[PDB]
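Removed from the display is one protein chain of the complex; every other protein chain stays in position.
By letter and in written order, the chains are A and B; residue numbering begins at 1 in each of them.
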Amino acid sequence: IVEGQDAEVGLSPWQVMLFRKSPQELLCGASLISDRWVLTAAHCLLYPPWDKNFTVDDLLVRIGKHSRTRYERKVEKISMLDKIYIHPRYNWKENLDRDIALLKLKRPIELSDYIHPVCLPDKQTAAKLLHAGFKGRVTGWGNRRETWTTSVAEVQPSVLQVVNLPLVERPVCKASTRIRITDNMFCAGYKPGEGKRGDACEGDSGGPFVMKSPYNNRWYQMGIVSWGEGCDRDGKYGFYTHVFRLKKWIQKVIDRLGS
Amino acid sequence: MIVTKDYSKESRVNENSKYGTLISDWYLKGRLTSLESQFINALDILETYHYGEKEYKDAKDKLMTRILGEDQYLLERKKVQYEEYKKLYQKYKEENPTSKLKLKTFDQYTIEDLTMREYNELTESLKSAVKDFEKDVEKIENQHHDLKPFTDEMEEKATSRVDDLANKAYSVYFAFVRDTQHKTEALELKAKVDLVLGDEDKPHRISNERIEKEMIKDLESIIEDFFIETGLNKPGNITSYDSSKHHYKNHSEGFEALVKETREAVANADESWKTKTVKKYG
Partner (left out) sequence: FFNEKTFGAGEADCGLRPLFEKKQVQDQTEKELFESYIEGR
């Protein structure tokens, strides 16, 4: 996260960290939505242009953290993935459409004051809240900033980062790009003419874009960090997955065994 | 309207420097690589495991900053250079109907205007900033005993303990990974050890004392972690794993033999340990 800020330990319990087993390497952020389901950006697992296609074995998530460095026995719980769920109509060949994925933990975890789940946007809360102008919250351990020093990754913070970004209106979003947009994704950030700034960056993806409902002091994950051209550049905005609009799919896949 | 601020300038490269004599393109593409190679290196000094502590932060931010302020420069350089490239590309088309050639994107475009005055100044700041870091550290260590690094002997002593204990858990792992009733909890153990232990090939260095302390307790706990979850009882003494004393593929005999003893350990072990565990489960 660019223009980020050290989170306050216990600020994003539902914040998972998709970590790769070997070579030990940080892949993406994620989202805990229950005690056995975690939600992330579909491309964090699969993305052929970068020869990416991980599987349950290749990695393991880590919930209830803060320091990306050291192991935190006191609060850190490490769990292995049972089955992996990428979206069918997921389009990477062209523009990362339906860039969302579901992960089913091999064993249900015990929620502590640090591993609590998040809520999914509501059919009504979606409308009441998803309006251009409103600010959401993005968290992750992604690139601290953009670097000409390409060919190098390790540029992340030490602790979890948090940045609150306002929603941009459809026109602009589409306008600020030569990449085709879809109702299945939204863009957030600060307009150049504005003062503040910030953005999520690489190795941030999977992470949540939450908002807190004033009608019930609860946090709903409106979006997933998905893509963007550069990072916190001036003129382009960061694109997240429109989680609510996809909630139809989600359901369709969790409540699977039965029908 | 057309005015922008954002002067996050903290680079030690003199402004009136980019007006120098541009480096011969051929000899340029190289200096660029030099540059990159410095950032690459410098950054690494941070991801150095030994520094993953709470006392080092204020001194790591220091560097990190020094490193970005310089990188910012170069970015702003490229970000500017491109805008001037686009134009001279346009005025290039309006001369050649044959757009046989295509315009390079910001991500393809490389820096083409880099004086030497610029290059030196950047390196003299990073080469600098780092020496600065080494200081910040050497200091923080003369004030935090356990943090001062070991000696080739010392480090070997710790490292050896840890590796033994670790290999002592791999006994537990192998022991129950086949136990269909505990297959998972075993796997999480094994995978959790690999996690802390470090990449197999180049594992986290057991530099200072503290690292030795923690590593044991983190491995200590991770082991108890297994028992709490399988309920099973921790034996006050389990054999260690010698890759040559009982290989799962080269010394099966001593391999299954190792597991027999271990299972028996856990089978006859008392509930005395539950009162000592590292993590206060509950």
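FYI, a residue touches a chain if its C-beta (ideal position, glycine included) is under 8 Å from a C-beta of that chain, and two chains touch if they have at least 3 such contacts.
In the complete assembly, the contact with the undisplayed chain comes from A:36, out of A:36, A:106, A:174 or A:191.
Here one chain is not drawn; of A:85, A:219 or A:239, the residue touching it is A:219. Seen across the whole complex, the unshown chain contacts chain A at 5, 8-11, 13, 32-37, 108, 111-114, 116-120, 133-137, 162, 164, 166, 211-214, 217-220, 251, 254-258.
Throughout what follows, only the chains that are shown with their structure count from here on.
Across the complex, chain A meets chain B through its residues 19, 21-24, 60, 67, 69-71, 73-74, 78-80, 106-107, 144-152, 154-155, 158, 192, 197, 230, 234.
Across the interface of their complex, chain A is touched by residues 4, 6, 36, 39-40, 43-44, 46-47, 49, 52-53, 57, 60, 64, 68, 71, 74-75, 77-78, 106-107, 111, 184-185, 187-188, 191-192, 194-196, 198-200, 214, 217-218, 221-222, 278-279 of chain B.
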